[PDB]
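Chemist: Each chain, letter by letter, is given below.
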Amino acid sequence: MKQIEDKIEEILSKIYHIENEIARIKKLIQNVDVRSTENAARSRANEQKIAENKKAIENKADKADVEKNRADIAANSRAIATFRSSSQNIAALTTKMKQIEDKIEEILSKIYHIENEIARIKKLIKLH
Amino acid sequence: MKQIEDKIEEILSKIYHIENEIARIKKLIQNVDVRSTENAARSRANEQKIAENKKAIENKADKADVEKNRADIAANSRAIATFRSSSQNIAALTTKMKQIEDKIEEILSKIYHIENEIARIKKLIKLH
Amino acid sequence: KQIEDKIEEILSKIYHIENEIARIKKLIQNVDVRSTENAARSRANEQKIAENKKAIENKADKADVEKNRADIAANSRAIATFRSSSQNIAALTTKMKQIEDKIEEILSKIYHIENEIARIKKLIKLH
Ligand SMILES: [Cl-]
Ligand SMILES: [Cl-]
Ligand SMILES: [Cl-]
Ligand SMILES: [Cl-]
Ligand SMILES: [Cl-]
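Residue numbers (the authors' numbering), protein chains in the order written: chain C, 104 to 231; chain B, 104 to 231; chain A, 105 to 231.
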């Protein structure tokens with residue numbers, strides 16, 4: 104009788120409450136199902152950006168290569184101070200050379216004066 | 104007894120529906136769980152791979168150092184063609200030199216013949 | 105009889121269902137959170153990737169360093185040649201020295217000659 108109509112009253116109340124929870128549950132699963140797929144795309148985007156970075160790195164030059172170069176550069180820099188000295192030796196060998204040419208033209212002229220004297224002397228002596 | 108029966112029927116239909124909805128929820132839920140654990144695995148791997156790239160990046164050369172080297176190299180190259188006309192000046196000095204060497208020996212040769220002819224003049228004088 | 109027995113069943117199915125729902129709620133909640141973590145982790149990763157992309161925009165390519173390496177080995181090959189030349193300076197310096205010497209040899213021979221001649225000029229005027 105009414106014990107039944109109370110169990111039924113309880114049974115309906117539970118059922119209605121169960122229905123609200125399911126609706127609310129379904130909603131939540133939709134919220135999370137959508138996020139997890141936006142995450143799956145966000146992470147497949149990233150792993151492909153990273154394979155680009157991995158690649159774009161296989162292209163950038165080592166640091167050891169560029170520290171060899173800065174050594175070999177400073178090596179050649181120093182060799183330029185070893186063979187910058189023998190530039191001012193040229194400007195010194197040209198002025199001395201020139202001096203030597205001047206003295207040589209002066210020596211020649213003395214010889215030609217001398218030769219003229221000796222021509223004179225050989226004549227004076229045969230004229231006796 | 105035929106209102107208690109109508110409500111009971113309403114419940115049996117409602118229960119069957121709720122059961123069917125719960126089966127939908129479970130497998131749906133399962134899949135979001137399955138997918139979210141992938142996304143987690145994917146995002147931590149990517150984390151590892153991002154790290155790897157951060158290190159590799161650290162072993163590559165900063166452009167500014169490579170740009171230094173370029174400039175230094177060019178300024179070395181500047182002061183190297185600069186010392187090509189140094190040796191241009193040499194080839195003139197070497198020839199100008201051998202022109203002086205050939206003179207000096209001729210000068211000597213005229214001088215030796217002068218000496219001889221003086222020795223002659225002197226001997227000619229004493230005998231008179 | 106036959107009402108009481110359906111109601112009995114119904115109450116057992118409700119209880120069964122209440123457990124399924126309370127189990128479902130913590131599954132969902134767990135998965136919700138795991139996805140909120142996944143979401144931030146993947147947003148962070150994209151920020152880190154985006155620091156690596158910006159650190160790649162401050163490094164030199166292989167081509168440019170390869171170039172520098174060639175430019176250098178040239179300047180080594182170009183110098184080394186020129187280095188062999190400039191030993192020809194040392195040759196002019198000592199040869200100039202020998203000359204300087206031969207000239208002072210010559211200059212002094214001449215002065216002794218001038219002297220002899222000065223005497224001869226006089227001796228011939230003395231006849
Ligand atoms: Cl997720
Ligand atoms: Cl370099
Ligand atoms: Cl260099
Ligand atoms: Cl990610
Ligand atoms: Cl990266």
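Simulated from the structure, these hints should not be mistaken for laboratory data.
Incorrect hints may appear among the rest.
What the hints assert, rightly or not - Capping the alpha-carbon separation at 25 Å, the derived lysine-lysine pairs in PhoX-like fashion look like this:
# : chain 1 : residue 1 : chain 2 : residue 2
1 : B       : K226      : A       : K129
2 : B       : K206      : C       : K199
3 : B       : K226      : C       : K171
4 : A       : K117      : C       : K110
5 : C       : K201      : C       : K213
6 : C       : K129      : A       : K129
7 : A       : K157      : C       : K152
8 : B       : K166      : A       : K171
Said to hold, decoys possible - Reference listing, derived: stretches of chain C covered by chain B, where coverage requires no fewer than 3 residues with Cβ under 8 Å from a Cβ of chain B:
#  : stretch
9  : 109 to 116
10 : 142 to 156
11 : 159 to 173
12 : 203 to 210
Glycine included, each C-beta is placed from N, C-alpha and C at the ideal position.
Chemist: For this structure, which hints from the list above don't hold up?
Modeler: 1 and 3
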